[PDB]
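Below you'll find only one chain, the form deposited in one PDB entry, shown as structure tokens.
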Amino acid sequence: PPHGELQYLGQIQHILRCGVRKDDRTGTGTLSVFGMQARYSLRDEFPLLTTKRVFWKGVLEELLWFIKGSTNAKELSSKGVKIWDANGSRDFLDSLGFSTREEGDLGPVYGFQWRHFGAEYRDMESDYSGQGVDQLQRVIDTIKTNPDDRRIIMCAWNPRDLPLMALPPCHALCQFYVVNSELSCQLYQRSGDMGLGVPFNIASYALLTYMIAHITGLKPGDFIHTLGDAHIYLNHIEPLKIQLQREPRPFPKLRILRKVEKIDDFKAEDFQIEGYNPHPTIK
């Protein structure tokens, strides 16, 4: 059976051949294609890319960080994941006109949008309980009660709250699907970096599907990755050409060590990645 990561490497190939030059916000050149799709099976394996190492502690800890509804970068930083700190810095906030915000306040980012959507945002330490729509829980509720529902969605894109946040959501929305007791998830990503960010994103929503599947007593199905703007930076072309030559090694497996009945109740210790042996790194 064809390895799943080939789908990903195949998209790298398509961008090289058929991609065209396009500049990003900073004027940095990229080779870009508009619209793409990839399917990764979550059945008895976890699509964690083996041709280049993926940052798992970042994926796991960031997802738990989303579920807590935390907009505070410091709360994630204290766990060892620094990826959101740059956008929460005192200097960066001031440049955006946010000067009245304490350091670490990212605005109404993913965490806020997931649990509290529609609510009026003020600051990272405020209590939003009962305010706004809880999408994450409505998703879990709907999957339990009405699995045939076509309408299951979690949307982080809020035109109202856009100017209030550091950077707009890269994850626009995701849809869930249930058939024959299998839970599938499709993500719509407006933009992604195939060489840097995309592998990380695949891991996140694969993990999310695993988590929700556990709560709802379902088996992980396929994960569909939809990309609005698929691009590779021109500085990554050759090192990617080398990565393409590498043969993908078998995906690891993800284990939930205990039984969890609530999405909020998940802890980082409950997750174990076994059998993950990626290729060496590259410079």
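Residue numbers count along the first chain shown, from 1. Throughout, rigid core stands for the largest set of C-alpha atoms superposing within 1.5 Å between the two forms. First, how it differs from the form deposited in another entry.
- When both forms sit on the same rigid core, the CA shifts between the two forms reach 2 angstroms or more only at 158 out of 137, 186, 158, 201.
- With the core held fixed, residue 170 shows a CA shift of 2 Å or greater between the two forms.
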Contents of the next structure:
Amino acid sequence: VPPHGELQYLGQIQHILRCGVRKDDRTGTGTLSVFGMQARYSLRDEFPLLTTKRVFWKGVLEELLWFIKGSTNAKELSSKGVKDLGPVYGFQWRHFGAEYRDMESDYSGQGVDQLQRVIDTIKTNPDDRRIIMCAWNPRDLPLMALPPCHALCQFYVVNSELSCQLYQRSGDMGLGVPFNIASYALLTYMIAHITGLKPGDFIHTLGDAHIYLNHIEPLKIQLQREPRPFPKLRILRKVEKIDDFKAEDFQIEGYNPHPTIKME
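Based on the form deposited in one PDB entry presented above, generate the structure block for the form deposited in another entry.
Left out here are the partners and the other molecules; the chain alone remains.
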């Protein structure tokens, strides 16, 4: 280019199963879909890493750190242990609107650094209503002129607390949502850390909220599992720049999830 927060996710799954309508996706299989959903996860002295199934936290932290450095090299992520990709979210977050060339091209000072702009705006005017960052699906870029974004994050500050609202055009409830809740909650913790603010709430809003048919049986089982109190996220070191964050700087404490659930 207070009830356990997890209950909302479980309620949404249950709602899609009973009320969702069959709808085909771009490619793959059919889904059960509902349009328009929203859930709020408190980030106050607790982290929304879902417990009704073991979430791949290692992949969340590692993928996010990869996006922050604006690296578009998959080999730089696959090595970290999580398994030229083009203008991925990383390139978009730090070099928005530039012009992608290669994974080795230096885009220093090229394009708008949406991420730094968010941090800068939080510092220059916490009341600002335009603290927004957007991401596109790489495959849409060459498809048309001025294509719509895939997701957007809006930040909000009040009473020394930072909140974030993620709006996603579509959400794969079985495989994608649990992971993304952790990803953006984490991003919020990071930004809050460097702007001297305390994490507030993470609001997850979806357009086409859907469950792939091959995930129905596994989710029905996940629904029988009672949530365990959410863990906590600790930032061991004091960081001043969003680029100075390292995986070793974060530590999940008290995470007691139910067994892993494989979603095809």
